[PDB]
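Asks: Spelled out, the chains give:
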Amino acid sequence: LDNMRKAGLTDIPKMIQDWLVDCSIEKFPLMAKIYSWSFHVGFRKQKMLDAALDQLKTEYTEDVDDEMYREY
Amino acid sequence: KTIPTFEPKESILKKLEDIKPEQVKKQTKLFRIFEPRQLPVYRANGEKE
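First to last, the sequence lines map onto chains P and E.
Using the entry's author numbering, the letters of the first sequence map in sequence onto residues 292 to 363.
Using the entry's author numbering, the letters of the second sequence map in sequence onto residues 100 to 148.
Isolated chain P (complex conformation):
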């Protein structure tokens, strides 16, 4: 929520903040409503390259177990 406010969001942290006082499921559909209001803003149609590099970052190490990989 602090990152949420740091981006410039005021009302929607407040709706997520005042709900935690009760954590009730009757007021909860708001969250679900909010959870759907996020996906009606569009696609992040960035470039093939930079979108691949979300995946193509690797940290391969000779410190893992072998007892684990062999069982796997």
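Just so you know, the hints here were simulated from the structure itself, not pulled from any lab data.
From the three backbone atoms N, C-alpha and C, an ideal C-beta is built for every residue, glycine too.
A few of these clues could be false.
[As the list claims (entries may be wrong)] Some but not every residue of chain E turned toward chain P, in silico, with C-beta under 8 angstroms:
1. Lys100
2. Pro103
3. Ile132
4. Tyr141
Since chain P is already given, all that's left is putting chain E on it; use the hints.
Replies: Structure of chain E alone, referenced to chain P:
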């Protein structure tokens, strides 16, 4: 990207029809352990022939 090299043991198998029977041993040279050799010799008093 230097990928690590995970090597299993892999336990190389066969099946019965693919078991080769045997190959007989015919003999090579006669399996020596010893050989002769010229050495010098020294008579008593120590000196040499």
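Asks: For the hint on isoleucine 132 of chain E, just tell me whether its beta-carbon gets within less than 8 angstroms of chain P.
Replies: violated, 45 angstroms
Asks: Is the interface hint for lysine 100 of chain E satisfied, with its Cβ closer than 8 angstroms to some Cβ of chain P?
Replies: holds, 6 angstroms
Asks: Is the hint on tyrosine 141 of chain E kept, meaning its closest Cβ partner in chain P is under 8 angstroms away?
Replies: violated, 64 angstroms
Asks: Using the nearest Cβ pair, does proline 103 of chain E come within less than 8 angstroms of chain P?
Replies: holds, 6 angstroms
Hints 3 and 4, counting from the list given before, are not met by this structure.
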